[PDB]
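Visitor: This is what each chain is made of:
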Amino acid sequence: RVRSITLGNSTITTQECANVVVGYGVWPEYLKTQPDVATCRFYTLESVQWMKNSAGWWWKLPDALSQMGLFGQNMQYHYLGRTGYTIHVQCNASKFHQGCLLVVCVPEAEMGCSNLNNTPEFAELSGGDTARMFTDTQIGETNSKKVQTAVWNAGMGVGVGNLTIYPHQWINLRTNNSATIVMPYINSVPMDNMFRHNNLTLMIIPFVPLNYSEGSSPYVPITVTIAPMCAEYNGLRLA
Amino acid sequence: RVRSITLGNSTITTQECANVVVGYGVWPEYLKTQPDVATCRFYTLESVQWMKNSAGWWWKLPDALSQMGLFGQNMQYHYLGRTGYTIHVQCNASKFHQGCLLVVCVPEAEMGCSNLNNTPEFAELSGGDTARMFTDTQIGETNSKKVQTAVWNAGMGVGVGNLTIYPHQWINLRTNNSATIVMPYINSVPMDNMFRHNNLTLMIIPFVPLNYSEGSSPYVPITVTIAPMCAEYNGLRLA
Amino acid sequence: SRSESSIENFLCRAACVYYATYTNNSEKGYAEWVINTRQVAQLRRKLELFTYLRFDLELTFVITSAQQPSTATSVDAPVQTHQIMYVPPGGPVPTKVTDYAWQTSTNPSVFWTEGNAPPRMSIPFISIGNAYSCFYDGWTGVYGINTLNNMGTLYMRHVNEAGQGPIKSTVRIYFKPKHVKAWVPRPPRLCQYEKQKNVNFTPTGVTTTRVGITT
Amino acid sequence: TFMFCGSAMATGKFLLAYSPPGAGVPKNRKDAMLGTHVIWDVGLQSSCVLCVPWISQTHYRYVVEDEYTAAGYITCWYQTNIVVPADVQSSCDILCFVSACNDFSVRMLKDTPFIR
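Protein chains in written order, with PDB author numbering: chain 2, 12 to 43, 54 to 260; chain 2', 12 to 43, 54 to 260; chain 1, 58 to 197, 203 to 277; chain 3, 117 to 232. A prime marks a further copy of an entry chain.
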């Protein structure tokens, strides 16, 4: 069965019996100053092409929606804000395609730099709506301000197989093709500046590479849909 | 006594016992599709300088607020809309100044052209936030697309002394210095395009010229404050 | 007895708005009039006391004919029948006496023969808007047109074929608003009307003048 | 709190605008009016009181000293000129007063930087 979900002036369709992973057992809620409900809509980013040699993709959350409608408008307008997210990841593949994906949302995914003495620049840390790709090779140290994008360390100097500690969902093409992660607001402060701090990082890493026989489509599109939940910002009026 | 009125993030002060003229006995109301309440704020236009030789000023309503915040934003965004207005006119004069003003809001104030064969251009019919001034002389016919701005005809080929049929308030400097006109939505259609049709025209005409003795301020500022009331536009979503 | 100053008693009066002639031997012998209230200055001024108006239309046609010179030894023309076609806004319009538009079933027409009571037809409020506008401060671009005031066109022609002598007919159209409703009073027109299409005016004095403020 | 200290016969209008942190200072009367503002008529009132809002990075307490951080500004503009009768001075003066309005609090006592 197919379930159609409409948010604002946007609507998407999902398999009725799809499993949703709630981040830490906590749904997005309001801070127990000024909320916005016109932002409550689905933002379908550009689809990426999962290939045989694909190493992975990642998107920093606040930044990914920085050039999308009122949410971006609110980001430049207000100085402070806080919000949760609902992330939909969908793959369009046939039964003749095989592969396994890890879809994980990492809070405060601070990333290292190829040069041990420096830190990565903003452009390399995030591409906004554009996706950032991991690399199956090791970035050379000569490089001065790029992210060490070796997949098996996930750019954080940890075991990539241990990323399951963070809220995650597996996409096994033979079994399922969609993932839904509900991420609450997680921070050490009640509100924060959205332009200088990326609270969340969504990662999609192929643990089992995509495989197919000659004649089948040589790619599998992956579509990411993000809907901000319970967004609210600081007031701008007097007392 | 002074009464302070706050609308949105703007606040103005008025004499508590000021008399308000309701346009036609009807307060602005909603159409018995999409309303906007962030527009519900005071828009204080640039003050004009009432002088001895001043003939008058006028502002076309929708156009005057076309470059003001969300109201202008809504004007370019939505194709159709409707709204009422509350107009505050205030003069800053001393007891040593004398003069009388007519403050009148004319619905569908269609204006003639100096050349009898043509029609006035948009620039001459309205200056947006800038005020358009009447002239105590007669505009020559050689002129091709200017408004016939002779005051005694009010640019409409009528007796200027008969403008009191339209909702109006007199400002006699020796008695009062402020005027408040509440104008409902008046049109032959429930909603209209705000960029191609000026529903209302506010006019300020000095019937008794400003006079003062040497030493007094040679001008009297006139401040116009307009607050859209019960504004609503067309929907933009599916059914 | 303030009954005679009501809107209905003020505007519900029949008036000759248009007058035209058409002969029966020209191919162009047909009279046309776009229905508009700006044709007659007296009626225009009375309607322009208000901004928005809503009314029905009652039209009465006074048609008379006159014999034109001929060379026939004897002329014995039978009684003449006239066709008055009302073309609703957007309907087909004729360009000749022999044209398909004269036979359009959706263009209501009156066939009337001379000697009887004059023909009469009534048109209701046919605007997509909620009222007619005598003033429009905006663009449709042409300033102050408001195409929502289209009321249709009237056409008139001889039905009989031409005989042994030409016949010239003249039609007088009588216009009467019925069940009138008016809104938003306006100051009476002071300057003389200059154009039928616009409100253009030449500046004139506020009133007549005397010698001094103490007469 | 702003107090107008001109003559009782002077009249005029002032636009007092508050810019929240992050937003830049207004450059014109129009830009000031489009933001949070109050129109102050000295002919009607001699004093105007504004209570600027807290608005901080959900920090509850924020540092007394600061470093190139969003500050927030308060500015005043001539809505109209000062209208004055004959034999009255047009040049006047305004006094500004400050005080804590809402639930003010401090933390972590230190040494004042004003002593040597």
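It is possible that some hints are incorrect.
Said to hold, decoys possible - Here are some chain 2' residues pointing at chain 3 (derived, C-beta under 7 Å):
no. : residue
1   : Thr65
2   : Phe117
3   : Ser237
To be clear, the hints were calculated from the coordinates, so they are not data collected in a lab. Backbone N, C-alpha and C fix where the C-beta goes; we use that ideal spot for every residue, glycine too.
Visitor: All hints, please: hold or fail.
Guide: Hint by hint, here is what the structure shows:
no. : hint   : in the structure
1   : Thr65  : holds, 5 Å
2   : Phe117 : holds, 4 Å
3   : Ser237 : holds, 5 Å
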